[PDB]
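Protein chains: 6
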Amino acid sequence: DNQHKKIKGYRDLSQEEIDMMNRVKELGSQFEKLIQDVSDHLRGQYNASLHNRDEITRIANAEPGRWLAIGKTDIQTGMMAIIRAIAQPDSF
Amino acid sequence: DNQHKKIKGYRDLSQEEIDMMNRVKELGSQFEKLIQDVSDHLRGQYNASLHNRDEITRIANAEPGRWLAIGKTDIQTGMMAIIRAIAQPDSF
Amino acid sequence: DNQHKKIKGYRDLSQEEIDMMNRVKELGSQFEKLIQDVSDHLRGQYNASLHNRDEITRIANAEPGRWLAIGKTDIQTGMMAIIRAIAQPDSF
Amino acid sequence: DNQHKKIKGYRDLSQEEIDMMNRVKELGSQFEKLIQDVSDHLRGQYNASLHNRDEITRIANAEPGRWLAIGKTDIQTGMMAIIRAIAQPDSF
Amino acid sequence: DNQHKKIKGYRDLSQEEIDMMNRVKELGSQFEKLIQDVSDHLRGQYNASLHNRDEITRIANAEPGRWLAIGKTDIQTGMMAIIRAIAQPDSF
Amino acid sequence: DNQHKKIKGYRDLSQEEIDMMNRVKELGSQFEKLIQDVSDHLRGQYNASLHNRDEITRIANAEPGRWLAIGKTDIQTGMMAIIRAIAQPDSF
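Protein chains in written order, with this note's numbering: chain A, 3 to 94; chain B, 3 to 94; chain C, 3 to 94; chain D, 3 to 94; chain E, 3 to 94; chain F, 3 to 94.
Since the hints were made in silico from the structure, they are not lab data.
You can trust all of the hints, since none of them are fake.
The calculated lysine-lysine pairs, modelled on DSSO-like cross-linking and capped at a C-alpha distance of 30 Å, are:
| # | chain 1 | residue 1 | chain 2 | residue 2 |
| --- | --- | --- | --- | --- |
| 1 | F | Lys-7 | F | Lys-27 |
| 2 | F | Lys-10 | D | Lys-10 |
| 3 | E | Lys-27 | B | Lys-10 |
Derived contacts from chain F toward chain D, CB cut-off under 8 Å, selection only:
| # | residue |
| --- | --- |
| 4 | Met-23 |
| 5 | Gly-30 |
| 6 | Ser-31 |
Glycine residues also receive a C-beta, built at the ideal position from the N, C-alpha and C atoms.
Just need the whole structure built from these sequences, with the hints factored in.
Shown next as structure tokens:
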């Protein structure tokens, strides 16, 4: 379909550009694995700390699940910006 | 000096927590290498395209150096948020 | 070349999806025109105010060129996020 | 009440400045309509895909509702920054 | 344990640097108090307005709890960036 | 002129709402003073370190002026979001 040629901003890309975009994506998958690992650590920390009210309150005050979510969003939009720097669409 | 114990929010950390923070940092160094690589690609692209006004205008309109900078800032603040999710400082 | 099929995350798209992505892009071009208009207003404001030190200091303290730049970056990354919500790449 | 004169940062505005602020707001309402349209598309996509587990998993992995929400927040804060570039409050 | 010396990026800090970091943190606690105050105002506003459908719809359309949450996240990441400007870790 | 009534989104405000907005602004001026203080510290640090190439390279690698600028932008947009949570404009 060459669907991309139907989207505004399309630019033809070299293999080097594609490889660089794929590299950002592969590095991102390593961050995704790391984030899943941190999330499992947090789930365990909470489970172990059940019934310890002071530690449950400490975890709630630290808001680690929220901070992990912020980090995930920043990593992903950062990847998107690096890829746009490579792909260089001809649109605003 | 135990300087960190002089900073508000200090919490004692386990080795697992330190290892996880170091992992985020090591993955970040891979992104830093990737960003330096993209930046060199851009420098070459501009050099090759000197005197080709239409392509110099295309590069200026795509603003790839700006987009790369945005991506770097997002990757770094994302790392900071994941590390805070691990370290869990006891402060706002 | 079907270059996009060489990029990780590729998904086939319907015409409706392409139309929606093009609509975001067209609305973005209206914002780009608006931002260029505001930038010209600022250039005039500064020119008129040359030699009026108090008003030059007021403009420098308000930092309108910086705020306009922040707005441009937010509009553009917002467009990128809406387009990802439509295109739904199969990658992190 | 002239309530705005009770808020720090107040600056008197010209009609041109008000018109420009209203234009950003009107362009924003077009983006709000577009975002509502994308949200309805997503609701349909999910409904059609109910019982197709592989496609429900694809949608959940793509997180399009989250990405649309990120785009909405960026469009709105971008509007706020362009308006501050026009209005130029005399405060930090 | 000198745990911080086990984290990459560690740099020794002066008392002035620690005092400056503590000041950012103390100013942050004032913002946290302010945000809690605004949140209580919103809870009251909603309670008073129960049964007034037009005003409940106005509040839902204004999304003040969402905007307050965005402000909290920006204040906190801003604090983190100022503290990094002071602490100057030797890592990406 | 009641200029604000000419801007879309206008809502009448109570004195409590105005006081809360002014409080955010006053707390912001304390952050602005703190940021100016950190900026002066950085200027001194650089001056003292002139001719010490290793320390000049350390400062350049830490990018503290950039991080301080990021923090300033986050503090200011955070203030803007808290104020919108108070003022609750009737527009997107």
